[PDB]
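Next comes just one chain, in structure tokens: the form solved without its partner chain.
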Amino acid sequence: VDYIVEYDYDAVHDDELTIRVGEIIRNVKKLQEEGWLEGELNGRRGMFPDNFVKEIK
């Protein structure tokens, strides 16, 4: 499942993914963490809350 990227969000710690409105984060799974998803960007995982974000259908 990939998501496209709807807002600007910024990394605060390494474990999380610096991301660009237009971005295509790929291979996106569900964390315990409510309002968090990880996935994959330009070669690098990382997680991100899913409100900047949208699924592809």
The other form holds:
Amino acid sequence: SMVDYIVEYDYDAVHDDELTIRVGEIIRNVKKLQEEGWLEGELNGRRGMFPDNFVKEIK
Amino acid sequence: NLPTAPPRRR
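Alright, leaving the form solved without its partner chain aside, put up the form solved in complex with its partner chain.
Starting with the chain above, the whole complex follows.
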């Protein structure tokens, strides 16, 4: 099924494939891709990468 | 306590 994450800390994108995220946002349809320490997910209509220590998994 | 983003694979 689908995995969602809560944003716990602000992060501004440093590369174009990264999300800019803000505390309180839910990132949806989260996937672990090949990259270590990062995740991929949907936010406000787009997809992108985000650091996995800025967010908490909704279980 | 603020997190530091892990390095990208790059």
